[PDB]
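The chain below stands alone and is given in structure tokens; this is the form deposited in one PDB entry.
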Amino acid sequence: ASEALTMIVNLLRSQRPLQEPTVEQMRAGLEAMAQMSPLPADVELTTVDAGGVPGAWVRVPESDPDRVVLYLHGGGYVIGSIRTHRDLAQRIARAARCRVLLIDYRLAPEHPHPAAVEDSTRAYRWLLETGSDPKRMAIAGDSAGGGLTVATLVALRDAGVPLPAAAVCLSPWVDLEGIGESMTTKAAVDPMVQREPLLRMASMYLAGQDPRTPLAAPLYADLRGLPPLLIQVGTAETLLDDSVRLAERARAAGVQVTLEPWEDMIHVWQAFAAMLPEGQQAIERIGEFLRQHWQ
């Protein structure tokens, strides 16, 4: 990997964003980190009420206005915001030449599961109601947002809602128990995600519900009929086996899956695309994948 990876690893080993002592310190910590990657002047941000869920349209000069990614941010279902993920949203908008709807879905512990999935499905139905066409849509998300992407597709399918052209999962979190082999074997090389913080956030999200609740932990969901899925994951991730197990389950359910393991990459390395070449390379791949499925 690029020497830039060492700089990102050094930042994450010091900032330890998922290890802050309170939820508000975790939220403020991630907002502080996001303020480092500042928004290009050509990004247009429009706040919107997306059918009862706060959102922001993210548009760049070459955004095809009829193509839309519903973007579901990461942060363990507990942290993250429009502010933390607007840079990743504009980079995807730029690579996919589309608009991105970034939603402020309800967060735990204040709003436990299934609030996040109610909000993501509501935003998708709102896009249809306001004239977006599924054949020009996609759902994408990182980490918890990658799990929420799969859960959103399952919930939409089960409600007879037409599914989008494709979906994208960046280092998805789909096993809320952390029982993947990589949760042990990659613990030493993962500078961001470990089992204890994972379980802390799963507890807040589940509020005593079965950790194998299918819309909370889509490793246990029925994935039949989902649209083509790109899963990007780093091999230096405790969550590597979340992506491997999701790919296995989705392919067993007849889903078109592209599993892309990026050698030595860390959790949601795409977020560091300003400084990390593999981050921008991976976002270009997201854009290529989406444009291919919108052809």
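Positions refer to the first chain, counted from 1. By rigid core we mean the largest C-alpha set that fits within 1.5 Å across both forms. What changes on going to the form deposited in another entry:
- In a rigid-core overlay of the protein, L18 has its C-alpha displaced by at least 2 Å between the two forms.
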Contents of the next structure:
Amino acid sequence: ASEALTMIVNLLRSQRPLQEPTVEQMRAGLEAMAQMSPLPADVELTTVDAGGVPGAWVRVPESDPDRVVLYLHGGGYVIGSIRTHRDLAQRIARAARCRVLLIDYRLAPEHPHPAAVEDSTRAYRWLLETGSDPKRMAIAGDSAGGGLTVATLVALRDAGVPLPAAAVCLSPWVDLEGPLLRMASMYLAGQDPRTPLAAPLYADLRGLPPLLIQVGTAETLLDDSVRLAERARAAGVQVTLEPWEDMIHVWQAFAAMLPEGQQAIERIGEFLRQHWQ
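Show the form deposited in another entry, please, the one above being the form deposited in one PDB entry.
Partners and other molecules omitted; one chain follows.
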């Protein structure tokens, strides 16, 4: 609805994806677009070994150090890094007044399912080991990271690990079968595309903590979020589904230039601070 949206949409077209790019071109591409994004000078970054998963603490002046979001970046389980999602991480840290742990979870096709879930559960387990309180923790992720957020909560529940206070899905990708089909292939490596921890639309969602789903009405993954909300609510999960009118896929990533992007992130901050008390 804002004019900034039309400017974002034109920019995404202007980066014409005509030739089908290799995985390496896609990684280097996304890594370059992210280095052009300025990181505010009050953002403190600390690299860490999160129990055998490489990670980075994102901290800002107003971060409460006892509140933690484990943030799982999207990129079709193929693309993305601790560098590509630092701006989203630093904005969630401000709005939610918390530390964010970004993790460099193993990517396909080099490391197929269930490697991503093994890394996300391990990093969560490591936060507990090192003194983080589940009632002051959340898991959040965008697109593939949004599906991995759900897969992680299921895998943790099934292993008897204490679940966090809340979770946040930004335009989650939870149905691997329906561009993203090829990234689905690379993640699955022959496995059934309704594998519960790969496609958590088929997972048992009972006992998950309060779940915020932010999705745009102008995105092909609208139905993933709607079906997720239905399955979660049928399983007795406290779901908040926010469909944002006319918003595109992970519009929150454009928060620097899109008022709806910064508004969505302030809402993420509110949801988290509400469930932390």
